[PDB]
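Single chain ahead, written as structure tokens, the form deposited without glutathione (GSH).
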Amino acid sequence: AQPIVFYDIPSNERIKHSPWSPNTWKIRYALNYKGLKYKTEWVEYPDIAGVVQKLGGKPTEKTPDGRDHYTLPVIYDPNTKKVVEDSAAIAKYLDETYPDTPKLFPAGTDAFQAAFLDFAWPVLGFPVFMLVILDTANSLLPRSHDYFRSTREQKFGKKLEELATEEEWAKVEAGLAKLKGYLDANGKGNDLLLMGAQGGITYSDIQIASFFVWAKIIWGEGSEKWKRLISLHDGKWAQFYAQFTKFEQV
């Protein structure tokens, strides 16, 4: 098979040009986990719409305001000659197109995973976002920085400098506490993967991991903030996140 072309958002020297996006990381994980050959193309935030349009790709939402909205990740698969967008749809596409690779959506789990993914941002992703949003902006190349800051300050209604608070830390921990509770339902020895110790990694597991790798890269693995996050709940998340270490090829 030829390498898949994977479209990602670049960064500056603050984080040594590392990929960072929680949304593109879901697909970077998916590709690394499946052992699929790919190459990364870097697209600045304000250039994403033009790039995806030229590819013949589609917007991932149309707002009541009438306007189309383009997002990364997107892939071009030379093996099928197809452009695929929207992370959950790409992951499903990779399952179907490369069936000999580990399945991210095991049969019978698609609806349960959709529900789980629909609450991943509200309960965990958003509070994390608040704690990393300023540092994220300061990790972008200047053009992406201006676009990102402009658009996100409008979205959240405050300067980026105001969004990280002790309250958000409490909300992060509270979200992880809910997650911990769901996992507890699996029983001891099965509470570090959504489908249990023998169930393998699902797309939903990747969704959680992607919030962690985002924070680690943005804050820095030696940082006090990363240590604080990963130490929550007696080291549970350190153990959870450890399962993804071998799938972070860049």
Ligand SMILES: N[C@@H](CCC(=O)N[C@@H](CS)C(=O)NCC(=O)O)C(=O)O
Given for the second form:
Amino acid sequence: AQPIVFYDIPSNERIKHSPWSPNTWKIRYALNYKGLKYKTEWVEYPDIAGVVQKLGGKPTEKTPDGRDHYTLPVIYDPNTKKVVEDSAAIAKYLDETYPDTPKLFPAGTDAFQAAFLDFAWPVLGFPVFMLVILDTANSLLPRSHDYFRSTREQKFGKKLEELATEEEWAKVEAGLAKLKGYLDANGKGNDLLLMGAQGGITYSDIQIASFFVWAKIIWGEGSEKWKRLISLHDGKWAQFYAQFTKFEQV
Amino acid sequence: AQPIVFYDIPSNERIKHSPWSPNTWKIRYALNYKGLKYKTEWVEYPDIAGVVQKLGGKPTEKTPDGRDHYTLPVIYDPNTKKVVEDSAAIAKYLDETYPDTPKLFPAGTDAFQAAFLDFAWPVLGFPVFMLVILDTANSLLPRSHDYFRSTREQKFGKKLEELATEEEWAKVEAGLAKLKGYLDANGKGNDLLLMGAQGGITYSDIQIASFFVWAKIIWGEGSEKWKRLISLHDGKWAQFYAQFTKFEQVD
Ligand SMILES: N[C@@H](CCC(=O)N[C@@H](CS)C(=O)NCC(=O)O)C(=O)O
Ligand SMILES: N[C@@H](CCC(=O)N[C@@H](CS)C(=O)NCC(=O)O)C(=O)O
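Right, and the form solved in complex with glutathione (GSH) of this protein, after the form deposited without glutathione (GSH)?
Below, the chain from earlier opens the complete complex, with every other chain and molecule after it.
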């Protein structure tokens, strides 16, 4: 079979040109975990809309003014001749199109995952975003930097330099405390995956891991910031995240 | 099998002494759904702390003052001689202790349900509360009314009479729109239970149903407010809720 074409956002030498996006990483994870062959095409932030339109793909939401908003990840599957957008929809497509691969949406879990996904950004991803947003912008190629900084600063009404605070660190920890609580409901020995030790990795687990790999890559694995995040709750997150390192092929 | 003892909050003639609490209804639903025998013991709000302590039960949370906070539902199972508190825990206990009964927490769902349940009040339960809180209070016995009005008005900083607004109605509709979105992920034919048509009722489904039975009992099934609520999203919620009426036995 031909490699799926995977559209991702590039980076500069600060992070050695590593992919970095929490949103595209969900799909890089899905592909690596499923053992599917793919090739990465690199698209700068301001070129996303153009590229996706030229592919025949669709926007995934609308900006506050009401304009179509195009996002990555997007894939083109040469085996089905289909373009697929929106990370959750892409993961589901992968399950359905490649049924011999491990399922990210086991039967009976779709609505539960939809709900979990809907709260992952407010409770965890957004506070993390604030802690990594400046270093993210500085890891972008020049044209991406200008688009990202201008649009994100416009959005939050602050310079990117003002967003990371200790209050955001408290929000991250509080969000991870909630998550630890949910995982605790599975019982001892089953509290490192949402569906338990023998449940396997779901799309929802990947969503949490994608927040971690984002922070790790942007901050640096040898950094103190990374060490601070990963050390919370007595090293629980180091254990959780360590489950995903085998699936970080680039 | 001896009946489980089920501790619930009583009400006055306005709703013909019917059980009404969305919290105790989660366990009423669980017991009914599982077909377990039980009997209700009625406890007024200000008496809950003393009654649970006497049972040898435990508080379920901490008040901001760092004091113990006792809540219903609580059960006493004479078959195991166990007192169990906190509705989610009671439901889990019922799964484990009575394995022949239909599961409320299917294998692999515990954490997903914990997350869902944590979302349920802020997304949907709380705006429903604002629209039923006055009528709820006016359905309580006098000692319960006094305690409930005192504590809840202190909590929300307004008179109970001031809590229902159209903004709350909009928040209710928005909350249901989110839930409808989650259910749509299951696909047509599977979008009326969280785990789909063949997955069966979960504790999480019962949590949503408990908001509906609460409003129905408090408002009255013939009320225009009830008709307005279940007519949202082209009557989807009328269909969702109708699944549960077969489990609304009241001893
Ligand atoms: N709902 C989308 C969101 C993806 C998303 O926001 N991706 C970012 C990259 S991290 C993006 O392409 N933003 C487009 C822009 O800023 O114009 C998904 O999950 O795929
Ligand atoms: N977390 C508890 C909360 C139950 C709860 O808040 N029940 C209310 C009755 S609707 C209560 O006993 N509140 C006692 C009080 O306000 O003092 C549970 O889910 O069982």
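Numbering follows the first chain given and starts at 1. Only residues modelled in both forms are compared. We call the rigid core whatever largest set of C-alpha positions still superposes within 1.5 Å between the two forms.
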| query | finding |
| --- | --- |
| Position with Cα shift of 2 Å or more, rigid core superposed between these two forms, options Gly222, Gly181, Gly189, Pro64 | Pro64 |
